[PDB]
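Removed from the display is one protein chain of the complex; every other protein chain stays in position.
Chain naming follows the written order as A and B, and within any one chain the residues start at number 1.
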Amino acid sequence: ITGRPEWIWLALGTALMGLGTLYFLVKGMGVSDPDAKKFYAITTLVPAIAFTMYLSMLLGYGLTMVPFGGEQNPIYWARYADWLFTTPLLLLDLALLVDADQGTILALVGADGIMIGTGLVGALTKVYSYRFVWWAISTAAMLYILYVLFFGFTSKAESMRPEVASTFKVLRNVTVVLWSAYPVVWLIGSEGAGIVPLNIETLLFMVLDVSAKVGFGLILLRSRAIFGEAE
Amino acid sequence: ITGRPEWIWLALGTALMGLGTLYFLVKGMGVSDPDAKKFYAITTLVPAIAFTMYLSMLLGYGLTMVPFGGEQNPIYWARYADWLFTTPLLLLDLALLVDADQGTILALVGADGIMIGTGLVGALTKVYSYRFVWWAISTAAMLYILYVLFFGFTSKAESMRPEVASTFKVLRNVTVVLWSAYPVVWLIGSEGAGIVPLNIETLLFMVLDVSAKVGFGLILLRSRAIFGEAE
Partner (left out) sequence: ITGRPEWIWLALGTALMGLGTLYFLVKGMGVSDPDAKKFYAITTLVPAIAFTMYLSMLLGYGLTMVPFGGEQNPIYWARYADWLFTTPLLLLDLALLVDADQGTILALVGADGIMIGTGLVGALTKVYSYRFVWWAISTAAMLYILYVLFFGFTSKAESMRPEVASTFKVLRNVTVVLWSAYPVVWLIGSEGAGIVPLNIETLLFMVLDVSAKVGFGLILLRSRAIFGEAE
């Protein structure tokens, strides 16, 4: 484990995702509202999945070597197995908050799968220049997601209860800022141009992951928007 | 790329799926009917997924070598990753058109997963004679799907609006004819008996894919069956 300088950030990430999972699990014990139960189930699964994948990276299972640039490059593939399941769950939290229609939910989840799937292909591609073709396709899929979150959901939240509109607006802004950083870290990190070393890259993804999952969840599960209007 | 004679058909397929995706995306911009939005989302995702997998084959990522018959045989595995997601989406288009019940939808999607999954196992199997055992199981799963589309959905469409009944009947006939060709191309192509060479096999799958996805989508999204009855 300790033979890799980035191990400290993988261990911290593992701990923070595990602690986040347990807090949400305990906090959700005393909840019977069927609407609130939906948000607790979605939001608790997110850091639980991330916990297992951070642990796999810490123990060395989620790491492979990819030859490109005449070098064997360490690629943590477990990140994409994490994101494949956690990013659509996070979008479902937002879509259920605004009572989005089914067709829009399917478009979001499908574009998200394309985003993560093409990012994985780009991470494992051995022809250096082709890695950035996949990065560009994946980034186009992300821009579609961000467009929908702004010019489809925002207008839908305003016609909703005030507390669900204000909570959505906050979580929307958090998501757009944090998610946009991921393609940048990829491009300048060891998967892309190799400007930033792997140990610093790992620290950046850990800050982003914890903020986008545990920070996101703390804002959502403390809001009254997750409960139905009741007397 | 150009070192493979089949590259021209992979490049054409990539272009036609990309163009198809963009047309459906633009055409769906001016749509607010929640029913129509469902069909546009399903139908636009189909060629978008196929685009990415054709590109992976063009660039050489979606290709592996499988030893059988005393030879290293080029097997494009990316086809099955495509079909795993696009064939159930196409069946969902048909099932939603006739307002099929949930139990029937699950049976269709499950049989479809078995069809594609066993076809993938057959494509990667190293014992030559066993490849055709998997082909037979996969073909049995397809025949179940075709039976349901005829002796379960057809009777359901007649009790529906006339425009949804006539549109379903057309898309049903297109699907049964085109899908039935796939097991035949597999059997006589490089995955099976090896009668037809890979470059011709690739041309045939490209014609079938574009017809079953973009041609299918053009018929559906030009129909009024996708809109609810409104004044």
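In this section, a residue touches a chain if its C-beta (ideal position, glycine included) is under 8 Å from a C-beta of that chain, and two chains touch if they have at least 3 such contacts.
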* Asked: Hey, which of B:137, B:200 or B:218 is the one touching the hidden chain?
  -> B:137
* **Residue of A:49, A:107 or A:210 in touch with the missing chain, whole complex considered** => A:49
* To do: Have a look at B:15, B:114, B:204 or B:207 and name the one touching the chain we're not showing.
  => B:114
* Structure fact -> Even though one chain is not shown, chain B touches it at residues 101-104, 106-107, 110, 113-114, 117-118, 121, 124-125, 127, 130, 133, 137
* **Residues of chain A in contact with the chain not shown** => 34, 36-42, 44-45, 48-49, 52, 55-56, 59-61, 85
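Convention: only the chains that are shown with their structure count from here on.
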* Structure fact -> Note: chain B sits from chain A at a C-alpha centroid distance in Å of 30
